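**Student:** Here is what each chain is made of, one letter per residue.
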Amino acid sequence: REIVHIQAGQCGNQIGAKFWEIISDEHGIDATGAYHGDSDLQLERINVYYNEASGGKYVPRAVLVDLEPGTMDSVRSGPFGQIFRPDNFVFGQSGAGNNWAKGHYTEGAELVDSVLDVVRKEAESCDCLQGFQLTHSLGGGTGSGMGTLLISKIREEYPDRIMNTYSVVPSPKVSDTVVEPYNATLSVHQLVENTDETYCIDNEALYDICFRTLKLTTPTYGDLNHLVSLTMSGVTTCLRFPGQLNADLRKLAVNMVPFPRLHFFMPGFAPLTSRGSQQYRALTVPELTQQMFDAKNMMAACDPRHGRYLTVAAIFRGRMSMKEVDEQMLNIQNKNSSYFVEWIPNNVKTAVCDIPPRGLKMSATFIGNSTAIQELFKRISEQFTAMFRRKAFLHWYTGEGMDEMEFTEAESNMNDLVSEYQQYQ
Amino acid sequence: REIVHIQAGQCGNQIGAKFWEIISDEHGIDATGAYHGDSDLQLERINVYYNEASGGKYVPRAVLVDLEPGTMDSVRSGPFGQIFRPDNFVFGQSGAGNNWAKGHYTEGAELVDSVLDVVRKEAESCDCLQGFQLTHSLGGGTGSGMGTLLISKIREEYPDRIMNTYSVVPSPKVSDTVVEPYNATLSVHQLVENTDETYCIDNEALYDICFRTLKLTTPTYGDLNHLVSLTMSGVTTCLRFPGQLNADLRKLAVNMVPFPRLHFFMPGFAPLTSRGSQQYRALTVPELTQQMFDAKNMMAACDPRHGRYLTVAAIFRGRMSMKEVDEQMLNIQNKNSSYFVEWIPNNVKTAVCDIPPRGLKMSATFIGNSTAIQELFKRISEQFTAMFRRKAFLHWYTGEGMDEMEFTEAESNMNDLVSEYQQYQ
Amino acid sequence: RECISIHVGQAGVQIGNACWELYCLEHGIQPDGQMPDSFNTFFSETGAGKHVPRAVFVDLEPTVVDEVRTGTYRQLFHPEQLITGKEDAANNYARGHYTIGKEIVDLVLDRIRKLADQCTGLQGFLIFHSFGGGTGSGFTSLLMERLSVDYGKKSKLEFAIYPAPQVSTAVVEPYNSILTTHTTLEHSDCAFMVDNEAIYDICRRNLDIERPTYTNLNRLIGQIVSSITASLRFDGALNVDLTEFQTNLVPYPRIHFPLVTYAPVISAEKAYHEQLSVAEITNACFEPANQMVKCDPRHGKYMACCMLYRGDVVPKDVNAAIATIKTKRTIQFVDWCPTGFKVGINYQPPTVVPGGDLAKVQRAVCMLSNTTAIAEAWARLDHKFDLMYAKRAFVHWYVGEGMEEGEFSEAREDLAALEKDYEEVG
Amino acid sequence: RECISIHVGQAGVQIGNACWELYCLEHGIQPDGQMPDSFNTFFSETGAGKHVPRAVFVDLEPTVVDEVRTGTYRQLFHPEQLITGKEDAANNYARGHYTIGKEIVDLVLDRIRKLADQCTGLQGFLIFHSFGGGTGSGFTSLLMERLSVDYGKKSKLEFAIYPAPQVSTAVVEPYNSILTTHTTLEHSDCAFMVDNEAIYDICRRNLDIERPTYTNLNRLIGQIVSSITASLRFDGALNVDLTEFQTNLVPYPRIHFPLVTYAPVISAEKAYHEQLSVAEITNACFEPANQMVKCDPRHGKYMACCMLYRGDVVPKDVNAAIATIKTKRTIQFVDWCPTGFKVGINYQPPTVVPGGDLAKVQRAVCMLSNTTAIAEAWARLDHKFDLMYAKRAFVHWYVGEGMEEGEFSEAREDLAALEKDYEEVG
Ligand SMILES: Nc1nc2c(ncn2[C@@H]2O[C@H](COP(=O)(O)OP(=O)(O)OP(=O)(O)O)[C@@H](O)[C@H]2O)c(=O)[nH]1
Ligand SMILES: Nc1nc2c(ncn2[C@@H]2O[C@H](COP(=O)(O)OP(=O)(O)OP(=O)(O)O)[C@@H](O)[C@H]2O)c(=O)[nH]1
Ligand SMILES: Nc1nc2c(ncn2[C@@H]2O[C@H](COP(=O)(O)OP(=O)(O)O)[C@@H](O)[C@H]2O)c(=O)[nH]1
Ligand SMILES: Nc1nc2c(ncn2[C@@H]2O[C@H](COP(=O)(O)OP(=O)(O)O)[C@@H](O)[C@H]2O)c(=O)[nH]1
Ligand SMILES: [Mg+2]
Ligand SMILES: [Mg+2]
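Residue numbers (the authors' numbering), protein chains in the order written: chain 3D, 2 to 426; chain 4D, 2 to 426; chain 3C, 2 to 37, 47 to 436; chain 4C, 2 to 37, 47 to 436.
To be clear, the hints were calculated from the coordinates, so they are not data collected in a lab. All C-beta atoms, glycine included, are put in the ideal place defined by N, C-alpha and C. A few of these clues could be false.
[As the list claims (entries may be wrong)] Label pairs and their in silico Cβ distance ranges:
{"hint": "1", "chain 1": "3C", "residue 1": "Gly410", "chain 2": "3D", "residue 2": "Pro358", "range": "19 to 25 Å"}
{"hint": "2", "chain 1": "4C", "residue 1": "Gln85", "chain 2": "3D", "residue 2": "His37", "range": "48 to 54 Å"}
{"hint": "3", "chain 1": "3C", "residue 1": "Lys112", "chain 2": "4C", "residue 2": "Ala278", "range": "30 to 36 Å"}
{"hint": "4", "chain 1": "4C", "residue 1": "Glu55", "chain 2": "4D", "residue 2": "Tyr36", "range": "39 to 45 Å"}
{"hint": "5", "chain 1": "3C", "residue 1": "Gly410", "chain 2": "4C", "residue 2": "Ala330", "range": "52 to 58 Å"}
{"hint": "6", "chain 1": "3D", "residue 1": "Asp417", "chain 2": "3C", "residue 2": "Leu195", "range": "42 to 48 Å"}
{"hint": "7", "chain 1": "3C", "residue 1": "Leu195", "chain 2": "4C", "residue 2": "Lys338", "range": "33 to 39 Å"}
{"hint": "8", "chain 1": "3D", "residue 1": "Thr285", "chain 2": "3C", "residue 2": "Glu415", "range": "44 to 50 Å"}
{"hint": "9", "chain 1": "3C", "residue 1": "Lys164", "chain 2": "3D", "residue 2": "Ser153", "range": "42 to 48 Å"}
[Claimed, not checked] Straight-line alpha carbon distances no greater than 25 Å define the calculated DSS-like cross-link-like pairs of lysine-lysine that follow:
{"hint": "10", "chain 1": "3D", "residue 1": "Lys122", "chain 2": "4D", "residue 2": "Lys154"}
{"hint": "11", "chain 1": "3D", "residue 1": "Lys122", "chain 2": "4D", "residue 2": "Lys336"}
{"hint": "12", "chain 1": "4D", "residue 1": "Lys336", "chain 2": "4C", "residue 2": "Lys304"}
Next comes chain 3D alone, as it looks inside the complex:
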């Protein structure tokens, strides 16, 4: 069981660059592809992400995609830049100009053939794979433009493999581009059918977590990409290391999704403590579970207290005990009996692994499927509402062949999605 990696645009590449810095140190490899580890459990499942090479070297199964050559220049020269194979870097020369229309129809259609030739090469080399990881953002043009195109083309060829996309959805309070609502609405139109499991993150909330819980006075894009990676790495720790009770990517999908369209998730991580307040803290499971369910710690700008949890999960790492995980989970359900659906008994999925993150004793990851997402999509639909009334900025997109009908479907399908979550709330 091994998984290939796809990154798109400036947003994804900056997120994806931190991933290979963190997971590489986890498996003990140097910056030049060499190995110098100690524990044998590192080599047991090294191949879930890497490919072997001559001379005892490893290279990752990553693809970096772009429509401008600037960002590849940064990642190539940066730390851990020589790990990647040169053939994997796929980039154009023109750019997107924050156009969803240019990315899908005009510019990306020429460059789409090149990448599928590469992902086909990585798909044959792997013996028995399960999923693809996609990293992108929903504001710009390249990430939402080609990111939508590959997903449709990837899905058709492989309708039996699981698909993962780790999306970043825009927020009004940190709004940055005049044409954001046009991009975000058009892309989610096809994520409602062409992906299996979807994560949503906000730059607004990642600012809420960074100042208050971390006591960060200078949150740059260095640290935010740090936080998303640790949630990204935690989900697939059952694959790379053993455990008392196991859960791979396929188990979670069946356990959380009651109906095919309700697969928009909310991350959360614990512990997250400041550099000075760590000495004054305990080391126990009950402190972890309270932090996980805290409405003050989620990674989306939506409060769960306006809705009820459908299903949740908890991924624990370290030497722990099975009852204590069991007793904490029942405490929350009984104390918070108002905030959980009634007609699904025992809504919590559990998993414990063995190897803790280096320098720590315990950890936890929360993936909780709630009905509070319906607000995070209505807010966007409102910003899109006042623009399409007067056809502002419409001429830029209409030049590449779209029509007023397509924008009509963009609102209608977004209308359908919010309706479904309200009905089951």
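Using the hints provided, position chains 4D, 3C and 4C with the ligands relative to the given structure of chain 3D.
**Tutor:** Chains 4D, 3C and 4C with the ligands in isolation, oriented as in the chain 3D frame:
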């Protein structure tokens, strides 16, 4: 089982100069005819190409032919120039001026006697020979004009010995001479009946392989002649070194040619890797097999995807395993069942040798007899029609004694070959 | 007299891991299979100084089996006995029974036949599995269906783990634990039910251990299995055989779900102060605070019970201790059972495993009673399954894998009928 | 009692190379021919401390035989026993039978008569060759044609390598492997068919070898030939001779194609755990997973079979083990074969070659069944030949060498009748 060598024209000598530079280093022979090797297997069949001299020196079975003395001065003074015997350099004083009429009738007639006395002298020196190697191009006058005259005279004397031609057939996109199409068509009229098997190579494609796969920014005739040499060196490696399973020139000829007229081949070599991307590559048979069949690597300017393979070959070099070669060959046939002829099962020939190329662990050579050549001859034929229709440049050739009949059958006979390959497609 | 044990899934393999360390200590057989008799019941001898078990390890995922392959007990197991897959059933019964089932079910059925060829007097099989996941439920249900046709009248025993009503670990558990009932109902000669949360209470109070993890629970099950088969492996005052045990215990063909409990379990330091005699260990077996499934016998009426003593026991008092119990009206028996005790006294004292959580004793008791108290452990579950199935939640996963929508009707209809039979006899 | 072996082609020499190293180990004879008895069956002694084999090496290409001339075993043979040509047949049967073969066929026949003069009790000749190339087929078919007329009634055995239906390395294989059918049919007393595919699966599964190359496959065949003749070279409880073995096996003159299999082949580490007894080894021989040709006996009915045990075997149980097999309806025999077994027990254990892929064992079995299932190994192939012959591909190469276009009529006609007989008797 030892073989003599014939070179014609400026193209052949520049091709042939590299072959003796490469093959001498393979056998350990120095630049002055001495020997300084280590493995005894070099000396087991050293005689396959060289002839013994007094004092412990070696000289090759080479014959250099020319109609202008400029090129002979360069090869004589170049690296590995003193290896040849001085009597072998045969060259005239007038030149051809890109006239196929002059190459056969006026200028080659006087000089044809001189060379045949030399090739006879090597034919008496041989104990039990099998073949003749001829290296030339189909664009100029000397190479096609003399080369077709050499083959015609050589064939009649030796109706049973095997004859090899490694031709370079012109391409429209790298067109260099105004009267190329007259030259190419008139020569191919007689390669149909006076040679045993023919290798076709395009200067257009060798640019494609040099820029793209090799990441070469300045492909000069220094590097293109490097590529062709490795194919000629690879075909006859079964004769010079041992192996688990063997294949000499006679085995390939019977295994490739279903009907006498369908004997035009397309080579291909693997691996071919840049100096920077080699560190990030595996070393296995399965990578070698896919590269050979890649339509982006086949060394002629015609697409095999436009037709179906009749038969193929594969000469492998290195210490390998026999089922691994067998298992991959069935993988390609099963996965690509659309691109192979149906009424001949198991269309693949195999051979494995023991001595690998110096500084390398593995290698492979691909010889594929396809029906896709029928297009590579139509493109040339079209260039001819727009010329002979209005009798442009015709007066230059008619002055030496050809007639409109000879040009009339030139298209008529080359019409037949396109008919055969399409019939069995 | 030999038996074959089959471990399926993570739960089965983990329990099977605990057992085979227990058996080796009993017979003085080192992890590398060499002995520094009676061992033929589970072991096969190979030439000189080599014993290998009659066990087969089964899984659809390599992770929980390759832990055995590298561990301390790599040398004991014959390499062909460890069967692994490539993709787990992902908590789908439908994937286990239908899609991912048949590409592996054939290999083990070929491997069982090889093991059943060496034996001469095959007694029966022991099956270890759980009702949680589809890998241990969907596949194990398939194995018993193929075993029954090939062998027929030979007795098969299982040791299943029932999901708890409150302390449960998954979301879709009720869907699995209802679909296994048909193949257990129609294809099992004896079925043992054990609950995970109940073993926690026994660990908390009696053993006074703060944090029982899955190591210690699996050690407890090893003690129950070892005692039931101790009648074959050794010799004593009275003997009870497996086919003998079914005759006295199971009153009707459809009613084969005994409840198990053990005595004594005690900590090392508190073992000094108490004197453990036959008079009380027969009373400890009947405490509702020591039943291994969260059910109250006070709302049920006993139909039979078996008491297997081992160590230093004399039949003079056992009849007296059994006589004492009969005089209580709190412990109720049915009217059509004038006598309901089957007794077996053995000579070999139970052996304590080093590194364990139990103290060395001179005598031990294992109880196996067939009561109607267990009727509730199914009625509560059927509410959970029916409540979720009202909205057809999660069903889309199962429908696409080969099932149809009426299949869940038979799952509830069968449990509808089976609860009535316990009501009728009660 | 002496026997003579002839090797043809690259396949024959490579197979013969492995065997003659194997024999030297058996009789304690160093590569330089000196021994630090019974060896007269294969060896000739010259004066004092010099033994040379009764071998002859034949090829039309100097490359492969020169490897023998330089290798570690240069000193064993006469210089004159190693015969090489100058131009190979280039995978042409027509060149082998008519053009290139005739210039060398005389030289070896003069050499055969020289070796046959030394012997006093010649039983027959052993031929190792393959149906792939014309050098190994066209020359061999000519070579037996000369042997049969000159010598008449003495028995000749062949050990052929049949072309696989899927995993093959040449383009024109079917043309050769049909034209050889006539000469083997009417000029061979017994023919052994061995396939290159099946030996791979045996190496993969049973031996657990990752990358089997031609070194290991040839070592497997060396064991089969060693076992058949161990009845002559040693002494035991019961004896079966070549003339004795042909009598019991071949029921009709036209049905002489036994299928071979061997037991046991086991890896070194997996050998420790299993106890290899005669009861199971006689069962392993009948597993269709261990037949040496990609053929299913399940679609055929056995005609006879011969067992060749060696090591520590007593006749008390062999009849018991043979009785066990007869009770299976899976393993089917023809109605006019109430008894279908020939048994020979020897006293010498098989000897393991250092550097090989087998472990030292006390017992070994060789099975030789004349079954009717082998009809399919020709029926599938005749489709390949006939499909290609539809368009008359490649025929121009063979026609120019002296053959006629009608010559291919008899090749498919002869296989038409030979396949007809098996369904008739079946
Ligand atoms: N006693 C015990 N119970 C376990 C253990 N592991 C899991 N369980 C129980 O098993 C239930 C979940 O289903 P599982 O038995 O784990 O299914 P599985 O073992 O994953 O089988 P597969 O899905 O095929 O891998 C939970 O309710 C646990 O109580 C264990 O190691 N020991
Ligand atoms: N067992 C075994 N089979 C071989 C070996 N080499 C080749 N073969 C088989 O031979 C077939 C091809 O025909 P060959 O027997 O090789 O013809 P040849 O050995 O070259 O004989 P000549 O053509 O006279 O030189 C292939 O299909 C292989 O199965 C070997 O070393 N060992
Ligand atoms: N989390 C995170 N978000 C980023 C980063 N850089 C840009 N973004 C977000 O990405 C959105 C715009 O996406 P964009 O960069 O235009 O995508 P592109 O056109 O494909 O490069 C903005 O709303 C930013 O908030 C980063 O380093 N980290
Ligand atoms: N591969 C290769 N082709 C060459 C070289 N030099 C010339 N040619 C080709 O030869 C063709 C003309 O043939 P030419 O050599 O001039 O014939 P000539 O009259 O004997 O000199 C041109 O189309 C060139 O592309 C060389 O060094 N290598
Ligand atoms: Mg599992
Ligand atoms: Mg050969």
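**Student:** With reference to the structure, classify each hint as holding or not holding.
**Tutor:** Do the hints match the structure? See the list:
1. Against the hinted window of 19 to 25 Å, the Cβ-Cβ separation of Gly410 (chain 3C) and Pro358 (chain 3D) comes to about 37 Å, which falls outside the hint.
2. Distance hint check: the CB atoms of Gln85 (chain 4C) and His37 (chain 3D) are about 52 Å apart, consistent with the given range 48 to 54 Å.
3. In this structure the hint that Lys112 (chain 3C) and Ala278 (chain 4C) lie 30 to 36 Å apart at CB holds, the actual value being about 34 Å.
4. Separation of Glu55 (chain 4C) from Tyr36 (chain 4D) is about 44 Å and conforms to the stated range, judged on CB atoms against 39 to 45 Å.
5. With their beta carbons about 54 Å apart, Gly410 (chain 3C) and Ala330 (chain 4C) fall inside the hinted range of 52 to 58 Å.
6. Taken as a hint, the range 42 to 48 Å holds for the pair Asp417 (chain 3D) and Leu195 (chain 3C), whose Cβ atoms sit roughly 45 Å apart.
7. The supplied range of 33 to 39 Å is met by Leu195 (chain 3C) and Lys338 (chain 4C), whose beta-carbon atoms lie about 34 Å from each other.
8. Judged by the Cβ atoms, the range 44 to 50 Å given for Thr285 (chain 3D) and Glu415 (chain 3C) holds: they are separated by roughly 46 Å.
9. Between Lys164 (chain 3C) and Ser153 (chain 3D) the CB atoms are about 56 Å apart, so this pair departs from the stated range of 42 to 48 Å.
10. The straight-line distance between the Cα atoms of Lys122 (chain 3D) and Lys154 (chain 4D) is roughly 51 Å, outside the 25 Å bound, and the hint therefore fails.
11. Between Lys122 (chain 3D) and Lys336 (chain 4D), the direct Cα distance comes to roughly 15 Å. Compliance with the 25 Å bound is thereby established for this hinted pair.
12. Distance check on the hinted pair: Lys336 (chain 4D) and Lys304 (chain 4C) sit about 23 Å apart at the alpha-carbon level, within 25 Å; holds.
In summary, the structure is inconsistent with hints 1, 9 and 10 from the numbered list given earlier, while agreeing with the others.
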